[PDB]
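S.K.: Construct all of the structure, not just a fragment, from the sequences and the given hints.
4 protein chains.
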Amino acid sequence: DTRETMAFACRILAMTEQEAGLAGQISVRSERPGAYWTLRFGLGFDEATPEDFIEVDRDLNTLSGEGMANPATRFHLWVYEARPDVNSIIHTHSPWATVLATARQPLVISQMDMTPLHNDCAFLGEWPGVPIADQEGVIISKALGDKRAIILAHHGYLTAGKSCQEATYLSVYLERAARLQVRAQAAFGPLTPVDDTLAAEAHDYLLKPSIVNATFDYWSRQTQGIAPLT
Amino acid sequence: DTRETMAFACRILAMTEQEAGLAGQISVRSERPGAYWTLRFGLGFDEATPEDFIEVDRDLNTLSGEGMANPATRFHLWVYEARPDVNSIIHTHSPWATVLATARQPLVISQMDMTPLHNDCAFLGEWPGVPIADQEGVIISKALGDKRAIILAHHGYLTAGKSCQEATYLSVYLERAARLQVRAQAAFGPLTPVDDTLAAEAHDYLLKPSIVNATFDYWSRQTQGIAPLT
Amino acid sequence: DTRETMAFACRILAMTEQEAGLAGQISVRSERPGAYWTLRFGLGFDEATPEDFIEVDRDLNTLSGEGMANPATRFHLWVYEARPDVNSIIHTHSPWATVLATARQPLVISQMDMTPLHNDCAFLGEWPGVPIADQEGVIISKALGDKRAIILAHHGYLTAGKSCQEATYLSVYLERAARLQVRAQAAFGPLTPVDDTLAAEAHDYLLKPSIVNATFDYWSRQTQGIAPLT
Amino acid sequence: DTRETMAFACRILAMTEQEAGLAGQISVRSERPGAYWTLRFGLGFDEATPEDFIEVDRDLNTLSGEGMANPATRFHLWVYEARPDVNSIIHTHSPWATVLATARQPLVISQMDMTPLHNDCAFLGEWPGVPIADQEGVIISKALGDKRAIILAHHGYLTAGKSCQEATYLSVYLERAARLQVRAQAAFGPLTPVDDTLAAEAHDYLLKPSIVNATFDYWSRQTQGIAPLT
Ligand SMILES: [Fe+2]
Ligand SMILES: [Fe+2]
Ligand SMILES: [Fe+2]
Ligand SMILES: [Fe+2]
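Chains as they are written, first to last, in the UniProt record's numbering: chain A, 29 to 258; chain B, 29 to 258; chain C, 29 to 258; chain D, 29 to 258.
Bear in mind the hints are in silico, worked out from the structure with no lab data behind them. Any given hint could be a false lead.
Put simply, identical chains are the same to the list, so a pair is met inside one copy or across any two.
The list that follows gives simulated cross-link-like pairs (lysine to any residue, SDA-like), each with its CA atoms no further than 20 Å apart [unchecked claim]:
id : residue 1 : residue 2
1  : 170       : 100
2  : 236       : 48
3  : 236       : 160
4  : 175       : 233
M.R.: Here it is as structure tokens:
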């Protein structure tokens, strides 16, 4: 169930052009403390199948499945420790969110579909370079705080969801919000943010598990291919 | 016949890249007063088949077909009531039209293919947030007036056609006009509008049912796939 | 053979995202005086097969093949009359060339692949609206002069080649040159043109029939699909 | 082995959208001095198979394989002679890197994935036009110096790798870095470069042969097509 949900999540991120390459990371908190499920080393999101997700501990020992973990995902254990409510984490350097990261520009909530990130997207202004697991773990979990997402300056983004479906939903919506903002600002300059009270209400509406799960299942069907009409 | 046209209309909107999760809506005025045909809840445009369109009433009672309707489409009944000439409605948060909506920028008619929207695209400057069907329908039918289209600030757009073909035609042409304007303004600044007399003549020419229907049938063939040349 | 070249030309324009729709036009000068070969009415470039190209006269009578011609192509006879060297004409409202057209911005030759249009792209500043065949025919052939291409303000472009291969080559290179200029100007402002003497030499190099024909045959193979490596 | 690597490299360049007619070039230094392996004339990267790479000398004599080499690649022998450490060269006029070339804008290292080009991307400000193999070879090897890549003003780019995998990795990363910079600058103006010490460390990390080869093998699998989930 978990591995199948993760495989669909990777195919959705690939379909929506996150172009994660080998810089893409995904994890789901294990029922076993101190452990997490993750895509095995050397594979991209677009090729992930349920058998490519293994269960690993703090020392990168494979507890379940066949394969070796991407050591760059070890820092996810720090986020899971700081946030008991988080059950899934995605990190990519997706094209449009990375434009915001590179220009050191926070997300400005100015449209309905940008509201799942309203008061829910942190911004790490400092780029630590090539990191260590404990260095990145400490830095990201502190900068992220209680938010669902974080733009990592000169790097990419990270989403932290209460389920793999919510982390995927946040990743897709953040990338689309970033694209919308970059295209709008190039043509028209800085955006007028929407009213905070109305944006907080749209945030909770779009983040209802029923809508998150139905949207995830829709995107999952899309990855499998739809036959044209006869 | 109606459901078959609506299925093709959805595949055309999907082909021309209008997805934003499950935000896409389409309806056709039923022959039964006070009722409408619409895509059942949980489905995207790209997967719609004739059997996924059900006839629903003001209380979301499925009168024909199998399924539950998207409750977000209830406001369509207010538009149909205001506009007896309108028989099909499409609402999406398509990528380029949503850039105009987010930047609070009306469409500027400066090119031949933008003319079906000449003096035919309203602009709702106020974003109501998460709406109640009572208020959304009143707000949108009032702002739309007698026009064929409306850009909904911080939200997306809506098209209102005399047929499903015309609503689809207006949707594709609005999205392409918005893309053209955003790309032109990013490189060169504000556009010079074309002469109003010539634009109104091109508007009526491009909106002739023979041209609207032939274009819709062409796009329908495209969605089915074309075999390469041998 | 002529119709097979035209069928491949249409598939190439479709592959390279000219999104010609029903606004796309293509012709080849007939061996019979006062006649031309053209895509029959109601069809897009992406679906054109050799049997869809019919021979037509000044009164739109079908002399060869099955079908009715697009009456909007009648003005091509005026271009053929003004230019005995021209044997093929393509007119589309392709996405990037139409940005230049809409912003009333001539092409600025600043890169190797833009040189086939160096001193070879006219600009019609006046938009005549919905035209008459004699009106458009006289206007375009006079504005085009002895050039291979013309940007038609608020409309699109037209290419005029000594062969169908050259008209196709000019269409693809003009669309790509326009995309390059719009992207460069949005990020960095107005371009510095390359030296005219060196650009005229690159123009003649890239316009050698051997290179035009080999590039056309390459694009033709691409439209047919290439099997992945095993 | 070398021919198979080159075939995959071409399919990767094609997948990552680097086409510009038949302007694409690729070579690998032969084990025989004074000779190189290259894609035979008239073929694009997307259709290359192992049998399309032939070994040729300075006079374009085919020493191995069947076919005629692209004479435009003759200048690659000058780069190989100047740089014993370089074993593969790629030259294309890819869309985004060519925007930087056309606007005479050097790459600004402001993001993690741009670091393989940190202090490793030369800029040739002078455009020589249609060149002789003679002067082109001298001009590009002098401007390239000891770097891995060079932006060629008003032309495109060239990458020079210690292996075909590294040349491919540098091309993909340069094209993506250029896209990121052009999109960021259009919306937000000039970028703030990352710290040089941290960028040099990320440069060496991302350029480790284990990472270069694993990424190349991943992209190779992607070109072959991945079946959707069941
Ligand atoms: Fe990363
Ligand atoms: Fe909506
Ligand atoms: Fe036209
Ligand atoms: Fe070149």
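S.K.: All hints, please: hold or fail.
M.R.: A quick look at each hint next to the structure:
Within a single copy, residue 170 and residue 100 get their C-alpha atoms as close as 18 Å, which meets the 20 Å cut-off; across copies the closest is 39 Å, which misses it. Taking CA atoms no more than 20 Å apart as the test, residue 236 paired with residue 48 passes between copies only; the shortest distance there is 16 Å, against 27 Å inside one copy. Taking the closest pair of Cα atoms, residue 236 and residue 160 come within 20 Å of each other only across two copies (17 Å); inside a single copy the shortest separation is 36 Å, beyond that limit. Only within a single protomer do residue 175 and residue 233 lie at most 20 Å apart by alpha-carbon distance; the minimum there is 17 Å, versus 30 Å between protomers.
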